[PDB]
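So this first bit is one chain, no partners, the form deposited without the ligand, shown in structure tokens.
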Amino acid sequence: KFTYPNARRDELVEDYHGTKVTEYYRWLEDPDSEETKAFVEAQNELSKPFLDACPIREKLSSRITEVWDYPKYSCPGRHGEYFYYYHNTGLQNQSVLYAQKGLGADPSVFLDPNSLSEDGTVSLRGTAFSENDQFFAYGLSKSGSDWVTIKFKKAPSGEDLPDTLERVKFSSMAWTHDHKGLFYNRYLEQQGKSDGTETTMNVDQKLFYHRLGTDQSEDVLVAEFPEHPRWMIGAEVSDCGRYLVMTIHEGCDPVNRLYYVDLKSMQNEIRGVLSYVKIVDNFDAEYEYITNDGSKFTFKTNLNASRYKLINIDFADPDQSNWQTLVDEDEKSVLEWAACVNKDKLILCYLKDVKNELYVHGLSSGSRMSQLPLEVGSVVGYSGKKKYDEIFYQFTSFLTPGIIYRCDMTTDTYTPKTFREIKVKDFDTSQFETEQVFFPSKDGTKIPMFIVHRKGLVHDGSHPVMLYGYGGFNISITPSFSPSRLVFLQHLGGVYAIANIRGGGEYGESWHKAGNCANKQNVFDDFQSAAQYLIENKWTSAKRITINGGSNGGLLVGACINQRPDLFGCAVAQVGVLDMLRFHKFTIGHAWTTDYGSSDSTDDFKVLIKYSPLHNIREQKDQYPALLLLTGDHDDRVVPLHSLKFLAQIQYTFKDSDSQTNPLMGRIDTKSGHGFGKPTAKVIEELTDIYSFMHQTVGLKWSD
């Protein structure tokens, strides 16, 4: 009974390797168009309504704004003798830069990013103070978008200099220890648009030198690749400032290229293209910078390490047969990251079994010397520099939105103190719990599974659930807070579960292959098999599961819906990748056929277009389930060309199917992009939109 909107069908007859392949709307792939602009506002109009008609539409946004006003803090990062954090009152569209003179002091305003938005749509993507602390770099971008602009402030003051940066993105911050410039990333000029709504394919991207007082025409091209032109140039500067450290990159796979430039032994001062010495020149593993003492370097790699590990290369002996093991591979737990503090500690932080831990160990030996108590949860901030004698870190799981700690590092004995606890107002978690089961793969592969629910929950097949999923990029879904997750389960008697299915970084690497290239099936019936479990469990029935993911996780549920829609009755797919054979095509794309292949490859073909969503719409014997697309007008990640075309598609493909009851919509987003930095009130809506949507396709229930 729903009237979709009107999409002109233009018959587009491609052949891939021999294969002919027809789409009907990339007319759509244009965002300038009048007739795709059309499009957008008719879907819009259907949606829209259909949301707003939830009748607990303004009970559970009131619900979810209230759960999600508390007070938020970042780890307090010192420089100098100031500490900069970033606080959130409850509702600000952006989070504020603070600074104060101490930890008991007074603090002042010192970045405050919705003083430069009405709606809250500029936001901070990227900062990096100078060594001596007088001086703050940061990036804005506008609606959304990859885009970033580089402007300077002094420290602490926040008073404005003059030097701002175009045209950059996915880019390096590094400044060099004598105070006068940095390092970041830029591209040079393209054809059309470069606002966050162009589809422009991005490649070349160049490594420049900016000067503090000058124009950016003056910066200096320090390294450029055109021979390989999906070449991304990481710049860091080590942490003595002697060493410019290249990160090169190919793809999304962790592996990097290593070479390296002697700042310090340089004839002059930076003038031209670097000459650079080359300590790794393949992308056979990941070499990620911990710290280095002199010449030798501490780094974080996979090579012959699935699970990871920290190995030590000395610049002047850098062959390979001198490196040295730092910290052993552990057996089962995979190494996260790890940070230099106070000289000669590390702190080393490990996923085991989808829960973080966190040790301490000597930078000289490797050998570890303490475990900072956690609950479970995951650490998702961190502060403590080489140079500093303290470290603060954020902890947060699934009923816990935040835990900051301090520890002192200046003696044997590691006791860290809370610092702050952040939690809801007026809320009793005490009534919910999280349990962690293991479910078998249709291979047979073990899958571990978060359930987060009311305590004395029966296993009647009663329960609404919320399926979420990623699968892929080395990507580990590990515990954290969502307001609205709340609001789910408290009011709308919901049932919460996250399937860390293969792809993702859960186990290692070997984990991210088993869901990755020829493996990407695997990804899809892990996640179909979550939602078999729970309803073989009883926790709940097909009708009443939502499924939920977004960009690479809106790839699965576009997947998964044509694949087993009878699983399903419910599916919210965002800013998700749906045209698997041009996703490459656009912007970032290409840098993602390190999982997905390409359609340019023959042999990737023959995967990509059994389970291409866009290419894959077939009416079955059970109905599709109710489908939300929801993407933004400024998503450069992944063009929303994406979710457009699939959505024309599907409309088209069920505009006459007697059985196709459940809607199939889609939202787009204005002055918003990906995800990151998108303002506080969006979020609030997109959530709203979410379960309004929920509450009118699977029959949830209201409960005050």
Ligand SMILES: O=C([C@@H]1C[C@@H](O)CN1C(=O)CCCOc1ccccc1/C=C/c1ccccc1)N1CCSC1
Given for the second form:
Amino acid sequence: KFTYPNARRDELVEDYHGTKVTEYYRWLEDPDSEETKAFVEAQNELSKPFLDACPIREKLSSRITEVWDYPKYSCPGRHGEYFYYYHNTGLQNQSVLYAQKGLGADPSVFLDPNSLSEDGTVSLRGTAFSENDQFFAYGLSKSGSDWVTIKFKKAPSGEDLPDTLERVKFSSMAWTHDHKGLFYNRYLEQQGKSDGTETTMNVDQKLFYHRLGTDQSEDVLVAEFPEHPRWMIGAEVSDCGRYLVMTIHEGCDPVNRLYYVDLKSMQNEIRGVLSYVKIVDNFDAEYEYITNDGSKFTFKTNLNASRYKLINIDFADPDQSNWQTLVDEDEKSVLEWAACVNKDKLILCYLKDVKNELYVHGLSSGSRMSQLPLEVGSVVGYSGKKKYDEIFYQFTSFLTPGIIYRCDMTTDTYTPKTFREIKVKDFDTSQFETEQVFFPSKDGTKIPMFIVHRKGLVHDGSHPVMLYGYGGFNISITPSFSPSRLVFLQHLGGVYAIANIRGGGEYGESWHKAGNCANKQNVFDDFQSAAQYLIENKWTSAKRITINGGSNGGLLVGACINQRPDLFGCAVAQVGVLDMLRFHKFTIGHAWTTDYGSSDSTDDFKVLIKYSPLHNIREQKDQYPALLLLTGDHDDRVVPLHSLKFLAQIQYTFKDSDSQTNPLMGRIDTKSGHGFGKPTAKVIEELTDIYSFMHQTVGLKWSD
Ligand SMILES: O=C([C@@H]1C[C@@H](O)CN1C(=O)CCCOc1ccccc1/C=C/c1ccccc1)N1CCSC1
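So the form deposited without the ligand is up there; where is the form deposited with the ligand bound?
Everything in the complex follows now, all chains and molecules, and the chain you saw is the first one.
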């Protein structure tokens, strides 16, 4: 009983290694044409009234806003005599950066992104203080685009400098210790627009050096690899200022080349392409800089260590036969990151069965000294420099918005103190609980899953479930706080489940590789098995399951609705990759071939064609679940044509179906992108639309 927008079908046949593949909506890849704009408008004119017709939408939006309305803080970061921290009074579109002269002083606004946009669509993206804390560089992004403009302020005064760096994307921000400028990345000029609405591929990223007090036209090109247009040049200046550490990436795997420049031995100031020394000249493993003491550099690596470890490489004797293990790989836990504090101490953060743990190690020996106690959850913030004597860290969990701890590092015992508690106002979290289960996938592998629910729940199959997954790119889905999840559990009888399917990083690089490239189908099998587990154990029934994922998790949703429409009642795919044959042709999509392969390869095509959601829509005996696609017109990470073409093809497939009664809809936002930096107002509206769609499609019941 739904009438879907018209969408012209333009037969386009292409040959993939002998296999003919036909598509009909390639015209939707042009975001600027009147035809595409009319399609977008028509889809919004269908979905918006449907979402706005939810009879509980006002209560739902009000409750999400009320739960969300609590003051928020980042860890305080020391920079000289001042601490800097982000603050949100509760519902501001963007958090404000405050400065205070000591932890006990009156704070003052240092940088307010809300003052830069009337709707909060300008966000920070990357920040870096100079080594003397007298200058502050920061990136600004508009309308959610990955494109960045780097600007500069005096610190702590916050006075603006004129320096403005354009065409920045995926950028380093590394000050030299002479305080004269910084290294950053940018792309040379390109055909067409560069505002986040274009689909143009980004290649040949350059490393530049900008001198404070000059126009960007004077910036020096310091590194480029034109014979490797997909290489991306990470730049960091060593803790002593002497070395530029160059970490070169190609694609999204946790591996990099490792080169360096001796800046103090240069016979001239930074003037042109720098002469570097190669330490690691391959992509076999990760080398992530932690710290250095003179020429001895400490790196996190996965070299022969899928769960990660720390090694020492001395630049004075850099052959691999001289490298030394500093911290052994753990038998079971993934080392997520390490930081050096108070000259010779290390904070190591591990993931053990999808929960974070913190330990203090000595830098000289690598030996473990202490554990910093935590509840079950995630460490989402950290501050603590080698030159300072205390750390702060922020903890979050499903029922805990935040706890900030402070720990003095000057003695041989470590007794963290609670610095701040961030709680929802007037909400009894003790009515709810989280369980961790391990369910068998098709091949026998046990997969972790968190289930958040009201205490006293009985397993009668009656509860609506929100089942979330991602499954890729070495990303672990660890506990975190969601205000809308609380509203779902409190007022909509909901059960929230997160399946830690393969492709993520939860158990290290073997977990990641078990869910990428030719093994990508394992991810979808794992997620389908999660739904089967919830049904079999009578948490829910298929008709009451909503699946949700974003980005690579939107691919997860698209593949799962094609493969097992019978397992789900509703599906919400945000900013999803859905044309798996062409993803690599747009913006930064070429970087994802390390998880997906590429249709340019015969072997990879045989894998991709089996699951590419755009190419696998088929009516089954069971109807497809209700579907809501969400994207933004400035999502230049995953270009919105993915959602647009999938929507056109799915609506066409079921145009004349008697059995398809669930709606298949899309909402295309304006002035927003992939998600980072999206203003609070848009986030709350999106969450309201998501749960409104579920209410209207799987029969949720609101209880006051
Ligand atoms: O978004 C994604 C994936 C998932 C996750 O891997 C990130 N990612 C990207 O594509 C990020 C774009 C490539 O960036 C890099 C490439 C190589 C090495 C480093 C970087 C990032 C440095 C940087 C970035 C920003 C600021 C400063 C520095 N997907 C969408 C659909 S599935 C994949």
